[PDB]
Amino acid sequence: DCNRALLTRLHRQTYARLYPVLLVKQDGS
Amino acid sequence: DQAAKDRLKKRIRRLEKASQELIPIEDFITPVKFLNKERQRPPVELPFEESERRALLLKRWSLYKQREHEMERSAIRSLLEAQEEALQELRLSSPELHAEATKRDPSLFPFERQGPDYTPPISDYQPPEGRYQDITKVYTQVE
Amino acid sequence: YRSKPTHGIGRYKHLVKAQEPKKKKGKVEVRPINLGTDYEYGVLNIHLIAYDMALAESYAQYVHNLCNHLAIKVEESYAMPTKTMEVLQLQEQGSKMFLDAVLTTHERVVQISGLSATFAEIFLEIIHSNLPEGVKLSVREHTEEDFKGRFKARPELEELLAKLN
Amino acid sequence: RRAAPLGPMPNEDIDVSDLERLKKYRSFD
Amino acid sequence: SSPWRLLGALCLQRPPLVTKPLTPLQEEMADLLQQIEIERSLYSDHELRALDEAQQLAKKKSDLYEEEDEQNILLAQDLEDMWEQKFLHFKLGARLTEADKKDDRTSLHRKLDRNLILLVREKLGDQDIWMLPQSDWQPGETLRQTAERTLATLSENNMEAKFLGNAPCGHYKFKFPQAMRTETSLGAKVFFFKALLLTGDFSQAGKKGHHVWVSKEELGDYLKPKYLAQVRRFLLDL
RNA sequence: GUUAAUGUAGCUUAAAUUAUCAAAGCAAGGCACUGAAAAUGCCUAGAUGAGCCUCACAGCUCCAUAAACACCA
RNA sequence: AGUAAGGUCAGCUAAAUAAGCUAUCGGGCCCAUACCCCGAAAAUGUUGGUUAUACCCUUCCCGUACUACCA
Ligand SMILES: *C(=O)[C@@H](N)Cc1ccccc1
Ligand SMILES: [Mg+2]
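Protein chains in written order, with the entry's author numbering: chain Bd, 35 to 63; chain Bp, 61 to 203; chain Bw, 48 to 212; chain Bn, 27 to 55; chain Bv, 42 to 279.
Be a bit skeptical, because a hint or two may be false.
As the list claims (entries may be wrong) - Dumping the calculated DSSO-like pairs for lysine-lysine here, alpha-carbon to alpha-carbon at most 27 Å:
hint, chain 1, residue 1, chain 2, residue 2
1, Bp, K163, Bv, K230
2, Bw, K70, Bp, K197
3, Bv, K203, Bv, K132
4, Bv, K102, Bp, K97
5, Bw, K199, Bw, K70
6, Bp, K70, Bw, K195
7, Bw, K72, Bp, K70
8, Bv, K265, Bv, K214
9, Bw, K72, Bn, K49
10, Bw, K71, Bp, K77
11, Bv, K132, Bw, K183
12, Bw, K183, Bv, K257
13, Bv, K265, Bv, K249
14, Bw, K74, Bp, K77
15, Bv, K132, Bv, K143
16, Bv, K164, Bv, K102
17, Bp, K77, Bw, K195
Note that these hints are calculated values from the structure, not bench results.
The task is simple: from the sequences and hints, build the whole structure.
This is how it looks when you write it as structure tokens:
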């Protein structure tokens, strides 16, 4: 059930475009 | 001398009688950067074939969302019943341990947990170095 | 009328709460922090911290809506002020730094009221199991220190406080 | 000289105490 | 005392390490949500530089009267290429580790998107039955502490696990077979306590013959129908 | 297998070829709407446990839920 | 008792644009001190209300002031 909240949207009316960026932590995660 | 301390005490009270201001949330306040900077998308064209499938898909999403709630509500129902029936059953057999199992025990909070990541942390990884500056625009006001 | 059997048929002030108006001089968040009941925990703050604004708020709404279905009183659903950190990476074959990126942190807090000791295991089980991706759940006690971060800084007092010491 | 009502009062079923537990109307319709 | 034997069982659970795969329905909607974001958004700074290239290129085509020929050095498309090359060259870990391929049901690096519940094999009456770790209750010791003591009794373990308050999470009553059944010990009552495994793992001394980690889907195979029913009640599917 | 309780949707109405216009009302969901709830707009999903008896009252039985005698490490 | 009426730097005054003089603190001039020249710091008796404050009103406190008469 870890995919029950990630499906969403930036609920706003005047927002700049956002792009999916895969950020890696200090480790390989 | 002694009077100056009186004013110092009084200046403490005068500032105390003022309201405790709260920092405005800049997330909910769009800066003037996006304030009509010619950055408007062209008139969006919606194909008729795309519109019919989009609305029809949302109907299934509403149905599928209800399915998740049904199993989740059923799952928490069973979990609540399983713990409740065991707690009451143990009370008759061992009344002394029932009181310990129900009294507020500060052995749970804080419960800091993180969420799963996209990929597991790899073995023997050496990230580069650097430094983290914190701008964190300050808001100091006086009265 | 008093003597009539239909007396008090219009009574309503005992149905709604008193709803004390926020007076101009008496405006204060008087919170009677409850601590250590027989089976009820104290006031708790569910701190949800994530890097993405949309993801952090989306899970915050789920927690707030879940409490309503479970008859858990929600005192407030405020938002902690955001913090911005400038990410600087080191340049290879050199020592001078360079501006890598600008990452921010967004925190959403869903303050909850007391809950039964039995329900503590069940309620927290649902929360941590549904952490979408990288959301840092933090369920800590509602002390005044944790609530001070919402307010501003007062250098005027710090000027006096330093000289007081 | 108070008198006894001839039947049940209109709003006597609900409990005056523990107002927060009782769900409100939340709507005018 | 009582004929029943008080036992404290520990239901150690490993939280998932990676995000579970999206269902086919969720994939379609995820594309739709991202599509709506672009439609209702403004032009970002990078998108502004896309028109900045168009502004300069248009001058290079028709309005060849630009005052300054220095301008910038890099381009918006070139900037994306710089990050793309680093990203393609860079490599990450594998969601499905070697444990899944080899079906090593003991290591903690299996089913990173699932939940693993600790199971151990105990020999009672010359019979090996897979069961959750457990210990006998003792005087002057709460039932929760009995499960806490069970963690310390594991063979060469350094695991740190957060428990859940003091209230239990389930129960299971069984009676001994009539061959060894007596009024002194009619049976036993097993109480389960849930804990979250933070860090740590067993040593390399004994792995296959000591403990295994399985999910709820295959949990019934190692158990028996009488004992299985009570376990699945408090085990939240995830 | 056997002994004792119950089975219209989440609760509940009418109904239950007893007659009648009819399976209702409220909950519970998706989307939009300053940021949370809540309102509001648009919008999604549906059961008369099963058979028999009575055919012009409605209940028994079956099965199932579920407890028990009782298989268990 | 009643009424009248005031509190501001350490001190005394004028304005509420919190200023001026002096005192106090630091430095210069002189053999040293003072004078003198230069620089800095300093307060609205008290509580509450006055859009918000201050000159206002109110509460508290100190002290000041007049009157207390016909038989
Ligand atoms: C299980 O079937 C029994 N053999 C368990 C047992 C009971 C008493 C003594 C030893 C073993
Ligand atoms: Mg809303």
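Status of the hints after comparison with the structure:
Between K163 (chain Bp) and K230 (chain Bv), the direct Cα distance comes to roughly 22 Å. Compliance with the 27 Å bound is thereby established for this hinted pair. Proximity of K70 (chain Bw) to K197 (chain Bp) is assessed by CA-CA distance (about 32 Å); at most 27 Å being required, the pair is judged violated. Only pairs whose Cα atoms come within 27 Å are accepted, and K203 (chain Bv) paired with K132 (chain Bv) is rejected, the gap being roughly 34 Å. A threshold of 27 Å between alpha carbons decides the hint, and for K102 (chain Bv) with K97 (chain Bp) the separation of about 26 Å falls inside it, so the pair holds.
For the hint pairing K199 (chain Bw) with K70 (chain Bw), the CA-to-CA distance comes to about 22 Å; that is within 27 Å, so the pair holds. At roughly 24 Å between alpha-carbon atoms, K70 (chain Bp) and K195 (chain Bw) fall within 27 Å of each other, so this suggested pair holds. Of the pairs offered as hints, the one joining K72 (chain Bw) and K70 (chain Bp) holds, with about 19 Å between alpha carbons and a cut-off of 27 Å not exceeded. At roughly 14 Å between alpha-carbon atoms, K265 (chain Bv) and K214 (chain Bv) fall within 27 Å of each other, so this suggested pair holds.
Annotation: proposed proximity of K72 (chain Bw) to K49 (chain Bn) is violated, straight-line Cα distance about 32 Å (limit 27 Å). Proximity of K71 (chain Bw) to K77 (chain Bp) is assessed by CA-CA distance (about 12 Å); at most 27 Å being required, the pair is judged to hold. With a C-alpha separation of about 26 Å, the suggested pair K132 (chain Bv) and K183 (chain Bw) falls inside the 27 Å cut-off, and the hint holds. The straight-line distance between the Cα atoms of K183 (chain Bw) and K257 (chain Bv) is roughly 26 Å, inside the 27 Å bound, and the hint therefore holds.
For the given pair, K265 (chain Bv) sits about 20 Å from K249 (chain Bv) by alpha-carbon distance, which is consistent with the 27 Å threshold. A hinted pair counts as satisfied when its Cα atoms are at most 27 Å apart, and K74 (chain Bw) with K77 (chain Bp) qualifies at roughly 11 Å. For the given pair, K132 (chain Bv) sits about 23 Å from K143 (chain Bv) by alpha-carbon distance, which is consistent with the 27 Å threshold. As the CA atoms of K164 (chain Bv) and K102 (chain Bv) are separated by approximately 86 Å, the hinted pair breaks the 27 Å bound.
Between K77 (chain Bp) and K195 (chain Bw) the CA atoms are separated by roughly 17 Å; this keeps the pair inside 27 Å, and the hint holds.
Violated hints, listed in ascending order, are 2, 3, 9, 16; each of the other numbered hints is respected by the structure.
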